[PDB]
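Single chain ahead, written as structure tokens, the form deposited in one PDB entry.
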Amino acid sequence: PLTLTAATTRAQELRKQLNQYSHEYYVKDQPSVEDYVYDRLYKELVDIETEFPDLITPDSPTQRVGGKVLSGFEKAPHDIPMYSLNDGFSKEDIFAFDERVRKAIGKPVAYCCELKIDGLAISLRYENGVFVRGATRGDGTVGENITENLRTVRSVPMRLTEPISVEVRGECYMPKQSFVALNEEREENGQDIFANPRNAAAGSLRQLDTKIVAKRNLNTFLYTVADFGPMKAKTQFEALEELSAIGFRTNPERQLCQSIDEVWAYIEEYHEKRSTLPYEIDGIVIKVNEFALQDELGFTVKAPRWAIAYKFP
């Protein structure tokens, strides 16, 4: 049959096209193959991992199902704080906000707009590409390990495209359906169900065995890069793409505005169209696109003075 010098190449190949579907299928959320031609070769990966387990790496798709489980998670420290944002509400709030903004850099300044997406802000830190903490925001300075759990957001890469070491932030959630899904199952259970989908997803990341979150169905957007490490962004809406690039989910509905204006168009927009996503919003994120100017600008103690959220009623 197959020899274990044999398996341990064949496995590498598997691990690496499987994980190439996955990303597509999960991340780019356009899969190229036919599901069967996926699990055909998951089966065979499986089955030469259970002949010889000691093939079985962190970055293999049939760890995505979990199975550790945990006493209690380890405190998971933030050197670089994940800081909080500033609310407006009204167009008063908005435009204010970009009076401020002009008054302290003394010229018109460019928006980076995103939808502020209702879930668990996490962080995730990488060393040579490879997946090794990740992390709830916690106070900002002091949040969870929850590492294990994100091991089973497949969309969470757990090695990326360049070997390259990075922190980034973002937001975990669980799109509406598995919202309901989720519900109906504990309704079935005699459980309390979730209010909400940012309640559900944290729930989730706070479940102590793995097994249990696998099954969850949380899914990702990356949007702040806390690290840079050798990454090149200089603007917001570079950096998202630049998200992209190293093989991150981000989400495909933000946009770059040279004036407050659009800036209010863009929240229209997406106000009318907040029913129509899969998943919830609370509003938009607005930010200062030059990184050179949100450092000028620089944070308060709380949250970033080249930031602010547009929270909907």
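Positions refer to the first chain, counted from 1. First, how it differs from the form deposited in another entry.
- When the chain is split into two rigid parts to describe its motion between the two forms, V130 and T8 fall into separate parts.
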Given for the second form:
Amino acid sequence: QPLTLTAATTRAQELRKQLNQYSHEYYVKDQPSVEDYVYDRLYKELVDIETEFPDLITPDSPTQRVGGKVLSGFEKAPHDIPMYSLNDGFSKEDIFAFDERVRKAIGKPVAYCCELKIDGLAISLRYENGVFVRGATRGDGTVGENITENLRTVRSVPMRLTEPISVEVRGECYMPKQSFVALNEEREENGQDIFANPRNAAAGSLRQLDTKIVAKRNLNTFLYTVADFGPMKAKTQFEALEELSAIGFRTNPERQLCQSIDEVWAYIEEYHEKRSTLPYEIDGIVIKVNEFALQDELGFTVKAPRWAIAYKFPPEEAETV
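Having seen the form deposited in one PDB entry, could you give me the form deposited in another entry?
Coming up is the bare chain, nothing alongside it.
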């Protein structure tokens, strides 16, 4: 073990503080001081040390936490069903290793429902008898910020479902490139810190206390998770996407159900190219175990599901100069 117990402990402490500090600025202030990959590199090191010396994992470690503390100002939005993060992949190997773990837990190969990781803000919508009653941010996974109002200024968010059914679903809220571009040119004239990336613009907007502003910003959505099914009958993630659409939610069409891990990778390769042709920023791919009975079997860890993995994409910005 290249690292000695002392070297890893001290390193894990440095890493824990440094990373925690950065999370606070990124979630609790939507004003990060470091690039996302700088954070990711450091985060990845912590994970390696924690994996090499599990005895060093502490409750305060960022590996044990999701998102961040709620931005006071708004009303607290407890989550009846917890929200999480996802485990990341940065190589074809990671994708294959993930498949390898799954196969070992299921005992056979499984088909994956692949989707584009829409780069925006995480949201949760609550419906009671077809009526939109609450919209929330992910927060720290157990308590978000109530942003129902703000969310009602968004066209795609349906006010009443197609059936007077009660359900809870999650998805993403974003700002198309088209508008990110525009908005900024405007803010510049108003001498305001033009938004860094489409992600922070959306987050900066939705977490704005004055809906008056929010309304004019122009955001869209994509729903991809059913938290509380109510009377929904889908047994697979691929079906749930159809059902979510069918009851009135906007859902992303690029999804593809893959029967082999080779197909998953090709899907990843594919959209990594088409990327530019899309009107919305995507920060990767989300590979999901299609069968729900199986997702239940795999379960979650303190921070993320075992039945999914997110292949990360550097922002096209960094692939285009």
